[PDB]
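Enquirer: Take a look at the letters that make up each chain.
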Amino acid sequence: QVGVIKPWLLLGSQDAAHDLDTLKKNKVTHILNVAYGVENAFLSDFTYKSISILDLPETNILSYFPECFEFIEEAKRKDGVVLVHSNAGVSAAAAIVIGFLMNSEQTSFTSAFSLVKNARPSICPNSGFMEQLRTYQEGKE
Amino acid sequence: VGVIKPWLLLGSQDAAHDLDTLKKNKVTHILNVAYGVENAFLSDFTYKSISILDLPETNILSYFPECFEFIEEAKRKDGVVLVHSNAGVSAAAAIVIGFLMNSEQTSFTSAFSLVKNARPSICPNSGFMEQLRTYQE
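Sequence lines, in order, name chains A and B. Take the first sequence: its position 121, counted from the start at 1, is 121 in the numbering used here, and no numbers get skipped. Start counting at 1 in the second sequence, then tack on 141, and there's your number in the numbering used here.
Among these hints, one or two may not hold up.
Said to hold, decoys possible - Each computed DSSO-like pair below joins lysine-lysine, with the alpha-carbon atoms no more than 30 Å apart: (1) B:257 - A:6; (2) B:257 - A:25; (3) B:167 - A:24; (4) B:218 - A:117.
Unchecked claim - Using C-beta positions, here's what the derived DEER-type ranges look like: (5) A:117 - B:271: 50 to 60 Å; (6) A:7 - B:192: 47 to 57 Å; (7) A:24 - B:182: 46 to 56 Å; (8) A:73 - B:251: 42 to 52 Å; (9) A:140 - B:251: 38 to 48 Å; (10) A:63 - B:179: 28 to 38 Å; (11) A:138 - B:161: 26 to 36 Å.
I should point out that these hints are in silico values taken from the structure, not numbers from a laboratory. Heads up, the beta-carbon is just placed ideally off N, CA and C, and yes, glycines get one too.
Bound conformation, chain A alone:
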């Protein structure tokens, strides 16, 4: 299962990452895998990047922005389509997508959150991720 945030920006679970037919139907070109233990199943069909982002409040989600956002922008620059996925893809993967929208569109946490939540209503970033994103633009700590 897949949220279409933009036509080129998708958010989903590990099951999305392993559903070839739907990856093709959505014209996926790039897959950002922030899960644990999820094999990149289709090496010949997609450009993959992995980065471990554990679903804990202690994870520093902001730390991952340079690497993750460069990849997303790579997909976009090439007029492709990137799927960001994790295990359940409701928390860490959601937070990366929210942050990306915040930075790429210079939009607020609440605006970006709303865009993701409408596209994938099962999102529920952990409290630490919410605090980290809510106070990123203001520069807390």
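Place chain B on chain A using the hints.
Expert: Chain B in isolation, oriented as in the chain A frame:
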């Protein structure tokens, strides 16, 4: 937090760390199937932890003896158990679905529906769904 029964609750790591809500809901027992979530309130609740990776290769059925024994103990003592994982959407949900099937002889579809109505964000992975579909067939 999803209220599956007044004594069976399903939630996230944030529910496990919210003492005020835990006490409002009369929790007594916490079954922690998360990774990396400290059992914060040892003097207030009875905790049991079990590692359950959210991967389709995980054998969810293997965890049922340990998990269900604990849930049954909370129930026998007229307490209230919170089952939680990290997001509370996949393995913790699978445990709750399986528990209704096992304790109540409920069908998979009915049990799944009960859990999904109490917590619409649930989505056990493809492996867990197939394991639960054929459980007690």
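Enquirer: Hint by hint, say whether it matches the structure.
Expert: Going down the list of hints, with the structure as the test:
Between residue 257 of chain B and residue 6 of chain A the alpha-carbon distance is near 27 Å, which keeps this suggested pair within the 30 Å criterion. Proximity of residue 257 of chain B to residue 25 of chain A is assessed by CA-CA distance (about 27 Å); at most 30 Å being required, the pair is judged to hold. Distance restraint check for residue 167 of chain B and residue 24 of chain A: the Cα-Cα separation of roughly 48 Å exceeds the 30 Å cut-off, and the hinted pair is therefore not satisfied. At most 30 Å may separate the alpha-carbon atoms for a hinted pair to count; residue 218 of chain B and residue 117 of chain A exceed this at roughly 39 Å.
Look at residue 117 of chain A against residue 271 of chain B: about 29 Å separates their beta carbons, and that is not inside 50 to 60 Å. The hinted window of 47 to 57 Å between residue 7 of chain A and residue 192 of chain B is violated, with their beta carbons roughly 39 Å apart. For residue 24 of chain A paired with residue 182 of chain B, a C-beta distance near 48 Å keeps the hint of 46 to 56 Å intact. Take residue 73 of chain A and residue 251 of chain B: their Cβ atoms lie about 46 Å apart, and the range 42 to 52 Å holds.
Residue 140 of chain A and residue 251 of chain B have their C-beta atoms about 46 Å apart, which keeps the hinted 38 to 48 Å range intact. Between residue 63 of chain A and residue 179 of chain B, the C-beta spacing of about 21 Å breaks the proposed range 28 to 38 Å. The beta-carbon spacing between residue 138 of chain A and residue 161 of chain B, approximately 27 Å, falls within the hinted interval of 26 to 36 Å.
Violated hints, listed in ascending order, are 3, 4, 5, 6 and 10; each of the other numbered hints is respected by the structure.
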